[PDB]
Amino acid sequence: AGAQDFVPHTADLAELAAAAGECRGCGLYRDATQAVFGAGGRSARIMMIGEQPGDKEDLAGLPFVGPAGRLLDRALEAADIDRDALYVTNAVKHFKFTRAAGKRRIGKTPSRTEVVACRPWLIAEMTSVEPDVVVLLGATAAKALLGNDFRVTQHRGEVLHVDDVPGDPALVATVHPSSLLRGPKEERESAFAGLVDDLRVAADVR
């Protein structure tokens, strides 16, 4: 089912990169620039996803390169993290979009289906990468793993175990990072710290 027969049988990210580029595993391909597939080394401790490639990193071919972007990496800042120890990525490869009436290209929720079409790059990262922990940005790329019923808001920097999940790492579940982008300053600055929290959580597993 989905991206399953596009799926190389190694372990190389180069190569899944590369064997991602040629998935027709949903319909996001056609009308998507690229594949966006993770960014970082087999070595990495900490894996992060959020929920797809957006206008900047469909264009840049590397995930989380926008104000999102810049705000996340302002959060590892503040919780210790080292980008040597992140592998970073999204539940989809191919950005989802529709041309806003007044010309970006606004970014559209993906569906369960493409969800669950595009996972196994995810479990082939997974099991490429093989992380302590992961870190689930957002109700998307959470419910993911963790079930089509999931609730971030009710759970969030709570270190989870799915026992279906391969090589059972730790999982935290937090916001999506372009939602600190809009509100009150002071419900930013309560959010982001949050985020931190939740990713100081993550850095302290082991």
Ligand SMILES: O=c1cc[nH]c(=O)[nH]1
Contents of the next structure:
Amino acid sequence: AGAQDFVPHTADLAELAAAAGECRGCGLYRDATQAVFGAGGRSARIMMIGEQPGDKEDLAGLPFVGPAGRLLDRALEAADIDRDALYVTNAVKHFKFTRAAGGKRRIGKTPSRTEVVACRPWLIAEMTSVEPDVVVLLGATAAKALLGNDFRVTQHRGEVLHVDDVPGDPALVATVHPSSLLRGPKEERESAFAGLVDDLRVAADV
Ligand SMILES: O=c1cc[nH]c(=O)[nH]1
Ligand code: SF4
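Having gone through the form solved without the named molecule, I am curious about the other one (the form solved in complex with the named molecule); can you provide its structure?
Below is the whole assembly, all chains and molecules, this chain first.
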């Protein structure tokens, strides 16, 4: 059941966000500061789904406000997408993290399939409320939530996909997680930014 009994019967994003603040669908609400719901409105045509809020998002109350969000904005700017058409959210709404003794920043830990399934009711409520025409799936965790734990982003990135079990049959475009463009060789990162831009353009023209 997970978060099912915490999701209210409303398509109002402010009421959904307030309700996600009391959610006990899985254990992640305990160590996290607050629930991080999605930003943007119901007029949005493009829904973007990341994995989970990070350290800044957990204290800011908004998705993608740290370094990966800065990189995503640079790629949206280059793909000619304004955020006025964007509902931006994550698969899990509570920061899963550990503290590295002698490190800078709380380090994010990969949500389990159990926690992604527990949180999925909020993503179904968001998609039912926004009725997007295209869902951009940022990374493996988000793509698996809608396409199955077998899905590989590396084998299908930039492809317009359509699965029947998803609300409203929106077009789906799976791409690299923006944090991947902050790690590695300068040319792998430049090719990967160029692929995120291409994947965002495919989604913008659906
Ligand atoms: O909102 C955010 C921030 C960082 N990484 C994500 O997956 N989502
Ligand atoms: S991560 Fe999702 S399911 Fe788990 S407590 Fe937070 S809102 Fe509820």
